[PDB]
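Let me give you the structure first, and then I'll get to my questions.
Omission of a single protein chain aside, the complex is shown with its protein chains in their original locations.
Chain nomenclature is as follows: A, B and C, assigned in order of appearance, with residue numbering initiated at 1 for each chain independently.
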Amino acid sequence: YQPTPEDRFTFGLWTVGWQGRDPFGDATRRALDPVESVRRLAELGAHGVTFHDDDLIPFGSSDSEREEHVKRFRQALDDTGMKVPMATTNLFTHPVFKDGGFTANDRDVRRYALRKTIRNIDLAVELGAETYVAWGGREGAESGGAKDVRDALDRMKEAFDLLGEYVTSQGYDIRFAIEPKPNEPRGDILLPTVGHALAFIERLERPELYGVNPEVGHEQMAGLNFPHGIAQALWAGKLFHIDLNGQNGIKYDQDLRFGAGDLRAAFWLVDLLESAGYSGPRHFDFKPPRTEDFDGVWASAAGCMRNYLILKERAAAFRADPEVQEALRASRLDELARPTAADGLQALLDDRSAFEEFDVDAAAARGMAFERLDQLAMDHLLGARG
Amino acid sequence: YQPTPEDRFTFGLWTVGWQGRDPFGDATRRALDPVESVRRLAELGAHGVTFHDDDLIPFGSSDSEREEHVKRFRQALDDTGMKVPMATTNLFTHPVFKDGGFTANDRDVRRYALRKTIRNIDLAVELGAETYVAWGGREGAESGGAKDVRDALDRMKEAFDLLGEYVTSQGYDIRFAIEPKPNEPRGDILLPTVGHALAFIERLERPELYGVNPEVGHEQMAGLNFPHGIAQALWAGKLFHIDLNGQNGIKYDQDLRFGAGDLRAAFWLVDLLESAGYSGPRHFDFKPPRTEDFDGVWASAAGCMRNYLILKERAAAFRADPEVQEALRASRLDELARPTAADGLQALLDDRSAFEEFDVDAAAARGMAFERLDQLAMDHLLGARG
Amino acid sequence: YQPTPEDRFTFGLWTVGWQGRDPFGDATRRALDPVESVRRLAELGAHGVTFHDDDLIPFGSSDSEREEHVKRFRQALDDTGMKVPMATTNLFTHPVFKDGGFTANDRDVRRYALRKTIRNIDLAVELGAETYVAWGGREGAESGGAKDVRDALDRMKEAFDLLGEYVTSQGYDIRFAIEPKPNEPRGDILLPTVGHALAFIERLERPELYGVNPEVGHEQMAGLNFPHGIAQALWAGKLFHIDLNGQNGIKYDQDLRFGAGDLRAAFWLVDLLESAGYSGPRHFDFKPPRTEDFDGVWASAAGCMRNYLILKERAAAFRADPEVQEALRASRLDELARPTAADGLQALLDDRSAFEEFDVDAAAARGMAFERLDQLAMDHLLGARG
Partner (left out) sequence: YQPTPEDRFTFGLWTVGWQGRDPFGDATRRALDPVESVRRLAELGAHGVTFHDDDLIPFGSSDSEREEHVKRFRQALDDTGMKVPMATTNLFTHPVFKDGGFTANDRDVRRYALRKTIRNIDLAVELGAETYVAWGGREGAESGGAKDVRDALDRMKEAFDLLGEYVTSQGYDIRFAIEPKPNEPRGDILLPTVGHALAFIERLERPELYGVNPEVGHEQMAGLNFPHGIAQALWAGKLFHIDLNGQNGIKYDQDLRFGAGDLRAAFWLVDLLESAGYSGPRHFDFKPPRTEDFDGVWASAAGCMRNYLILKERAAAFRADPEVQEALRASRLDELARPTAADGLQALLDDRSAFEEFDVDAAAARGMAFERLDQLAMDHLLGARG
């Protein structure tokens, strides 16, 4: 289970670079030079890295300081063959963003947030990013009166519309991905789930430019089924990027390494991504626990890719197993894929076998055979044949 | 706080009529005649009632039996002045629907579900309903392999598209509302939240015919902020109906009377509905606890309306209080409602005060004053002036 | 992975016998004769069965009817070699228990609940049960004022104390196990977690007679770590029985087959039970989903035992792997097992290396190496060596 760049595994600089500061504790690890993280991740078999503007260029940096940081980073990318498929803006760390960026109540902050974002869009394009992610981690509220959500959604639309006008006017070949999170650090965050993000995108001026960047742990913080949500995003044609990690249920955002947390959900996710032929980066937005020294950082990062590759193998074996294919037919997964009424409405209405002569009791008595199928899935996941 | 039909309070027959059967217990109350519930609810000041087909017409009923049940019901509506603003289909109780209705794996069940739905759409129109609700309570799965969600969403779209073709071809003045629920009775239900439902509607052939029917407790079963979700639905122009009740957090669907559960959320919901001028029914989808006899049923139903009316008064006092209006300005709610960059993209880009000369530290130092505002909201809710 | 009676796998009659009635749906399966379930479970390799009084003897049965049901059941146990290690009382289904049994507000109901319980204790002893479980599923409240919890806990203590006086006076060799559940069917249930149950037991007159019967899914309905809670119960010497099933997070009680739900938690549970040498029944309190016909019932029941046995093998391989044993030392699990200050308080106080000369920065810099250990655990679970 050795990854290669062909597997398109990507990591954020802020992931392996997380110093271990949490709400109750100081950093347990020194800062990592981005150049060092690029080199170490390349050695592990990663395909590329991603960055917030402020991960790469310290906030407040001069234009010449900015130039030197980018040059050194480019050199490490050239030395390693690592790509930068995705970039994003930090609109959450600095105190100015304490009430949000795009939907801050203060208008001057919203304009600043846009300008900070645009500056980094230009850098992302220069470094070759195809996807620009927006995680509005400070967009939201702790109290009901602080935020009129209709006005906030107007401001969010306005912001994304202006970004879309910017990238179009510049001729940039880059698309946007909205990353939902239900809460944390705000008490409730706007666009809290994949569904809310999808719905919002349809009200943008140029919806084709926007997709979602769902995160495993974020949807699971609302107790939702992450493979189900990814399926809906794929059905909508909007899965532009994906953030992979682990989460043990409804609690603070743990950002465990992928495969940790809900393992069965990870299996079904990989099954879906591979079956749908998702072609984008497999990006890990995770935090090596602050219990770990640097050797644990790289072990946790390695484990992300390892677990993906193990699950890929098991999901492929599951789908290729003739006993499973027969079980899917026994559970009528084939019938689910056929149209209900390709004969059309009038034919349905005139079809007495669909109502007047439908034997509901005989249909009710048919077992779905789902537990046999699910145990075959369990056996395959655990490598107990099937 | 006495309700009148002018308040547009509506109840489902299945609410006051719930016999108290839960997963671990038999009925504690005898069945209510729908005619009796209409009369009792009218006496309480309700505006109208809603029904599943199977609440009103026992499943398996003859066409003549069906006729007599409808005639008796119409008579009680004529005697009381009660309206029927909304109707829905029971696609969840009968065993034939154990794997769903519209997205059952068995194709013959899906066709039956459509025909059962269409039959009731005709009845709803005859009784004057404006909104036809669809709660796909059995659409979903307990296991990953049982349901290919992309195919299920194709089948769900197909079903709703066919219903839209039916109502258009019949010339019916009725709109559809999708009611999301994250789980229960299925392990995960498709279209689990308002956001997912909104996103799905945009992929229907005639999206204008479809809105959402969010339920307080359902969104709170995913830990989401119900007023936030309603705000998004209103912003999208899709709040066609609303189900009001109470829920104590992430657990089984409690269907407590409205005002119970998260009281502050109820306050902010009423504030929003009244401020947005929501004109639709205030419908209670609640269950009088099975601890109650019939006197408790009517007391709980009365309490639904009472709590709405109390919260309406408090929310109105909050918004009318000059000290609150000043506090909203102090927190820059006025600024949130102004466009970020009505001057347009190029002006924003050339505006040095938006980036190069923006004093981020002075903006960061500005307090939002949200806690003062929220305590004014608390004081108003509790009737401690403000 | 074929179970034998030596594995001590037990099932409740109500598990495979669940007819599929849920809050929103009728039964999908006919009733199973208890004699038939005993025979089918024996064929699957189960060790024994458990029962509520009302599973075995229909409520309201005559003494002669009661006699005939018990005789037929005994015959099937004699024919199959199946044991009855545990029995319990149904104090939740009948409407009389709608506000509880032992803590019902009505005193006459509480006395009835005790007498119904005692009658079944005598039957349990006659059938050879060693453990008598009490799941107070109706003990609790939906509203704050309905239940004074201090008085309810007095009534709960009184009930359990009287049962303990009964079994002592009769000379019965039977112990009690309290089964916690946080909610459902009551809005909040008293003694909601293993911890609450443990704490309560210490206030009983004869605490030695009482332990806990934790259920996987119940603790996970509060988002708690089930292996952690079992560890505390084992540390207290109070793990008298255990209910095994699966649960996908904080939602309604799903009672999925064991191994479903949180698979990693299942692995760590088995690891703990086997490492601690838990000798009691491995009892499955699960529901075959109502999507299943009888073949699915037996497949789901079989899967319970299969998954236990697979996880047992993986957990044993994990613990036996020299690379894992070295990793445990690297993470200082050995040091966790040594006393902190066996030298005693005064020696600790005088030990300058414990404070005045303790190099906190060098200790802070030591990595815990937990992520490497956890990936070895993952590799073992998935059968990817280690």
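Note that contacts are C-beta pairs under 8 Å (C-beta built on N, C-alpha and C of every residue); 3 or more make two chains touch, one makes a residue touch a chain.
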Candidate in contact with the missing chain, chosen from C:56, C:57, C:190 or C:216: C:190
Listed residues C:148, C:205, C:274 or C:313, member touching the removed chain: C:148
Among C:182, C:259 or C:280, residue touching the chain not depicted: C:182
Where the missing chain touches chain B, by residue: 1, 28, 220, 223, 249-251, 257, 259-264, 288-289, 291-296, 299-300, 302-303, 306-307, 310, 314, 364-372, 374-375, 378-379, 381-384
Chain A residues touching the omitted chain (full complex): 20-28, 92-95, 97-99, 137-138, 142-143, 146, 182-185, 187-188, 221, 248, 250-254, 256, 260, 289-291
Residues of chain C (touch criterion as defined above) contacting the omitted chain: 94-96, 98-99, 102-103, 105-112, 114-116, 118-119, 141-155, 158-159, 162, 165-166, 169, 182-183, 188, 190-200, 202-203, 221-225, 227-229, 231-232, 234-236, 250, 264-265, 267-268, 271, 276, 328, 331-333, 335-341, 345, 348-349, 351, 353-355, 358, 360-361, 363-366, 368, 370-371, 373-374, 376-377
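By our rule, only the chains that are shown with their structure count from here on.
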CA centroid of chain A to CA centroid of chain C, Å: 37
Inter-chain centre distance, chain A versus chain B - centres from mean C-alpha coordinates, in Å: 29
Residues of chain C touching at least two other chains: 28, 250-251, 260, 289, 291
